[PDB]
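Only one protein chain is missing from this complex, and each of the others stays in its spot.
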Amino acid sequence: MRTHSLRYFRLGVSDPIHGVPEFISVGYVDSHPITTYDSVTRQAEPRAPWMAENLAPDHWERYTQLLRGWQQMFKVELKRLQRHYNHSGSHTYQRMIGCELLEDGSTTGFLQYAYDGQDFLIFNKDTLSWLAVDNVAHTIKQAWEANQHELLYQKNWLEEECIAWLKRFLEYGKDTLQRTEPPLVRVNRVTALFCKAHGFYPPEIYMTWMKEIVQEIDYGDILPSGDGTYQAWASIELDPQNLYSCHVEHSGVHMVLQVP
Amino acid sequence: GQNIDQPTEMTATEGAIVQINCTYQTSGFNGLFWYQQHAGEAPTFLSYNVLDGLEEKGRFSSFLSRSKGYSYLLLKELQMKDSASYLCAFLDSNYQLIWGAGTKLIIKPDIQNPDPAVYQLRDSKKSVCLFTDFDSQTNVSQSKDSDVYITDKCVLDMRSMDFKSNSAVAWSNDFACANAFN
Amino acid sequence: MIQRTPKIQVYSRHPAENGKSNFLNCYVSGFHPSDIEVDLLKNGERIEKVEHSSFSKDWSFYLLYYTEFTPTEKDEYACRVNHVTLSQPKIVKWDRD
Partner (left out) sequence: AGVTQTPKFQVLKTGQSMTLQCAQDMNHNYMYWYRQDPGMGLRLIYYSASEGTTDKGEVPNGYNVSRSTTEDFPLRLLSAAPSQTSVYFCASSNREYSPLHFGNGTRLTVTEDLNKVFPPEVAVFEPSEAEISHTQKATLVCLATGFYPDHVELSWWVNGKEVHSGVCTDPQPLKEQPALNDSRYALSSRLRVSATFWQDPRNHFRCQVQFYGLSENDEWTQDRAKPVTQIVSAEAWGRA
């Protein structure tokens, strides 16, 4: 029933203020971070106990060397982009790559870049093409599309390797990644009722009020509690002149709290 | 990244076709390469396959079967200059480049005038023997008397004359070019 | 470029009860660029013992900052954030209620 995902994020900053990394890379399975690297440590490090226990030192030593390479490539690509835009000072380059494994077996994959936090280049692995936001991106896309070997490499990586990595990491983090922690839900009282849920995992939760759904409802965001679980809320105001109830849905289970 | 196999040596006739096979075993794959290495030269890149199917470029083709773990390099309209080693290699999941031991391709010229002859050349100031003009399916044996050197078989191509010839040389210092070979 | 000012939310890990070990969370999200300074404050003072954890589909950054703390009726906690979109550091007070 659960869709799982593996995602890598890459951040490059030119002229970073003293101490701040020029380059950072973090991987995630779902919301759980699994790996980190930056230009300050210059070391690939696990970010889950189940990654440290199942991947030997030689894995981290190899991945360190790969990330030293990706850090240099980022610096060079960002410096070229700044030239193409006659930009100086600090500018941002971002890369995001990932796949999803669905319950049924179907997969998705994605790869995109941003310059200064705006879409730059988006890969379509089905048409083996790149969408480019502007002439500078278009010029780069056209060189990438002239290299059929690299496109086919990326499609195979997204569809086969990323998914094999995800399946390997799901097995390693089985007990953490596949668990359900059902929410604790309470109601508290300006004469408003707050429906408050916490201790839940995974983060996906639906919360509402009824009496007939209430239309004018404030929603708290799903926020991380820090201990691997999440919290959220839905509030309503009471017309002083009517029997109200909180409805929560989580991982296939429905909960109702009737308020007297 | 576990194993890779390709034949030691292959022999095909000028103007014909040859297929060099490569089998591999790995849990994790980022593409399979073919490289050409002329004797006394560096490997040069020929091809890259990562999905199933057939890539073509001039006289050369590369095929990959992911399920069978199997690639071939196909060379058409074979020339003498296609004599070289052909190396397959594949990237594993961590980008380890795993090299096969290489396949040596020998191109045999279509020789339509077998004239096996053993001659004696004098120094241009001590003397050597030349076994020449023999058929491409002759082997050049070797040497038992260890004070007598006999080179390997050698193919020269007098390109202006569309003429190809197998040659072998021997020397010593009682000797006689006759019997020198075989 | 386009700059995006951080969203700043301050909340406890567990429901708050005075004299009970809890964690103070400051979640900082939807900002650009990435350079940000976050401090948790006990009665106005920088807390030394503070930990932190990313970007979203829209390329904006997010971060959780937190400390072990024991709420009391007396003590007041806040999050202090500095970012290029901010003329002065933004302060959000923890609200138990």
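Letters A, B and C mark the chains in the order given here, with residues in each chain numbered from 1 onward.
One rule holds in what follows: a contact is a pair of C-beta atoms (placed from the backbone, for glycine too) under 8 Å apart; a residue touches a chain by one contact, two chains touch by 3 or more.
Visitor: Touching the left-out chain: which of B:2, B:79, B:120 or B:182?
Guide: Of all options in B:2, B:79, B:120 or B:182, contact with the hidden chain holds for B:120.
Visitor: Among the options B:10, B:74 or B:155, which residue touches the chain absent from this view?
Guide: Result: among the candidates, B:155 touches the missing chain.
Visitor: Where does chain B touch the missing chain, residue by residue?
Guide: 30-31, 33, 35, 39-45, 48, 87, 89, 91, 95, 97, 99-102, 115, 117, 119-128, 130, 132-133, 146, 149, 151-152, 154-161, 163, 165, 167, 169, 171
Visitor: Touching the missing chain, which residues of chain A?
Guide: Where chain A meets the chain not shown: residues 42, 61, 65-66, 68-69, 71-73, 76, 149-150, 153.
Definition applied: only the chains that are shown with their structure count from here on.
Visitor: Based only on mean CA positions, could you tell me how far chain A sits from chain B in angstrom?
Guide: Result: the chain centres lie 53 Å from each other.
Visitor: Using Cα averages as centroids, what's the distance between chain B and chain C in whole Å?
Guide: Here the centre of chain C sits 70 Å away from the centre of chain B.
Visitor: Taking the mean of the CA coordinates per chain, how far is chain A from chain C in Å?
Guide: 20
Visitor: Touching chain B in the complex: which residues of chain A?
Guide: 59, 62-63, 66, 149, 152-153, 155-157, 160-161, 164-165
Visitor: Mind pulling up the chain A residues that touch chain C in the complex?
Guide: 9, 11, 13, 16-17, 20, 26, 28, 33, 90-92, 94, 96, 114, 116-119, 186, 196, 198, 221, 223-227, 231
Visitor: Which residues of chain B touch chain A in their complex?
Guide: Touching chain A: residues 28-31, 48, 50-51, 93-95 of chain B.
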